[PDB]
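Engineer: The chain contents come next:
2 protein chains.
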Amino acid sequence: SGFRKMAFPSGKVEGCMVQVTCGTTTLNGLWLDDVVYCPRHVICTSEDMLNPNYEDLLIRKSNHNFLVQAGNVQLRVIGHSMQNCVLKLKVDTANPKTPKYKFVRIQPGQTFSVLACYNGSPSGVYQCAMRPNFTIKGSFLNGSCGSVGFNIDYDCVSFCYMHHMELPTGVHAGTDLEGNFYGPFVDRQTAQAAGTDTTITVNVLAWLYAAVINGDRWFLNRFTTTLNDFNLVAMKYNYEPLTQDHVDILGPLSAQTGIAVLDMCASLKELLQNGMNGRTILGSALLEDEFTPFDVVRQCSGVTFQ
Amino acid sequence: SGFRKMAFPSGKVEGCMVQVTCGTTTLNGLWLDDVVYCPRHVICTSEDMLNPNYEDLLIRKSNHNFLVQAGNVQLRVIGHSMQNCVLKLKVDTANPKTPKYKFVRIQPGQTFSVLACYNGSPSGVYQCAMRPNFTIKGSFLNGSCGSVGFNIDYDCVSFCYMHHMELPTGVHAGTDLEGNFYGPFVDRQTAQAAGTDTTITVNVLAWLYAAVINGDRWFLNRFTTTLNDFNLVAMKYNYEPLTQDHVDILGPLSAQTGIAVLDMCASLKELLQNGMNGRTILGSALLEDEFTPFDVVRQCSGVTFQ
Ligand SMILES: O=C(c1cc(=O)[nH]c(=O)[nH]1)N1CCN(c2ccc(Cl)c(C(F)(F)F)c2)CC1
Ligand SMILES: O=C(c1cc(=O)[nH]c(=O)[nH]1)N1CCN(c2ccc(Cl)c(C(F)(F)F)c2)CC1
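Protein chains in written order, with this note's numbering: chain A, 1 to 306; chain B, 1 to 306.
Keep in mind that the hints were calculated from the coordinates and are not lab data. Relax, there's no trap hidden among the hints.
Since the list can't tell identical chains apart, any single copy or any two copies may satisfy a pair.
In silico DSSO-like cross-links for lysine-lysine, where the CA-CA straight-line distance does not exceed 27 Å:
#1 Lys102 with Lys88
#2 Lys61 with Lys100
#3 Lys102 with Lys61
#4 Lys5 with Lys137
#5 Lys102 with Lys90
#6 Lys88 with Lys100
#7 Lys100 with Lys90
#8 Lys100 with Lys5
#9 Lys102 with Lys137
#10 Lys90 with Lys12
#11 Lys90 with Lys61
Turn these sequences into a full structure, and let the hints guide you.
Structural biologist: See below:
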């Protein structure tokens, strides 16, 4: 038993991280087969950040403007191109530690692990969710651009995020691995801000189920509600509305605890309207929304990976 | 002068459309180089639509289960694979009419052209916008799946949309060409609905500028407002908030008409609070939000394509 913010083991990703230097700018790249992927703003200088013209900036570069280091070994760049907001650097050596992988775009509310890196060197791993406003509340310092987010499905690494920038409010924005931004952000220095965030309701319910599984039951009650009566209350507290598909997804947790989804919604309704009254749930005094139903099952039933 | 809902010329795309049959199900595919792209639900039957397991359904198929027709010529399938929600069928012949192309993911509020097709045969072209709730208000009948949306930048076709399904409200949902859905939709038959839509404010302003350029001036006034006072009123009418980046984007239209953006916002504020009073703007009695600032410049200044 117990319940922790658990990340995926990062070994398979650590062996793909490299350092990319162009001019005086260094950041992290992802080396898979014979291609290194990195944020295209590595080709920018100080004068270019405001209104960069990336097609111009790129035609003015040659392969030898790009220094790529895999630890000590130097990787020779034999070609380069742009795909949306990422740069693809073809190199002469295919990464022998390339895992089975795919590129996937995730949806708001889904979670992933982040391998934070500096100078091509992995520094730490942590779990976060893609927020409904398409930002992540990460932890990133200067030099972390090109760090990646990922999930592991069996033997296969699904890459879903590459880090590009920090917004003024201290939250983080990036792209999928095809270079398409999450959210309405652009890789230049303008006055862009995240829109208002909401709480991920299906995740809060999954976490309440984890609590019951681990022996926290004080918030339960005998009442029941309907989808439309719950969603009416959720709107007022900036909670995402609850769909029939969400109810279906919570099925395995309903089954294991014998507490129906709409039964648990009535407990959530009470918690939103009266607060927690100085009591905690799984060691928290706030309702937690960064665990999916799948995260909970994985941690409260047990699935490993190859 | 004049102002019409204008689509891009479709010739370069018409030559890429093919018909894909698997079993008793036929729909449209996109044939570029030696790959045919189509919705993966072509491999589903009636019993599978509710809860398909696509990895299972695909392993049970072989190359000869897939009939691909380019007009009269038959294309031999020599391999197949899945990328997210699209099927990639490798064929023995590279399309000689493959244009210069790229795959791009668009943002809510951007417009594109749709080439509606049936049985691999192009039927019509029309312009639409990606709505803020990630649906499009298309026009599609049975058999239109795999029809694509695109923009043309100079000589290059940017594919941004492939059609997968119609929602219960009569609006349409699909993926980018890497197979990732726009919006929180899945390719199975569940009870999914679009969230609430909003009006694309920067597009309404661009259209008011087109009106001034074409001689409709009755809605202008001498007042001015601030970004925050406008956005306060826009919230109440379900209009997207206006950013500084939006103001910058409208620059060329401000310059050509000599009417400042915040000046035009005050006219919009009046129109929202008092209505149009039986008058029309560019032949419409409603405020139109499916023209971008770029669409207006293109039509009210003139850019061609190769
Ligand atoms: O390494 C970090 C960092 C990341 C982080 O998350 N937090 C933090 O403090 N620092 N940099 C390096 C430089 N970056 C940057 C460079 C050029 C451009 Cl054009 C842009 C763009 F956003 F405008 F596209 C960004 C932003 C911050
Ligand atoms: O051709 C049309 C059509 C499109 C349109 O836009 N309007 C219209 O009337 N008909 N079909 C064909 C069959 N389609 C379908 C088949 C299997 C699956 Cl699994 C799914 C999925 F959505 F569940 F993934 C959809 C939906 C409607």
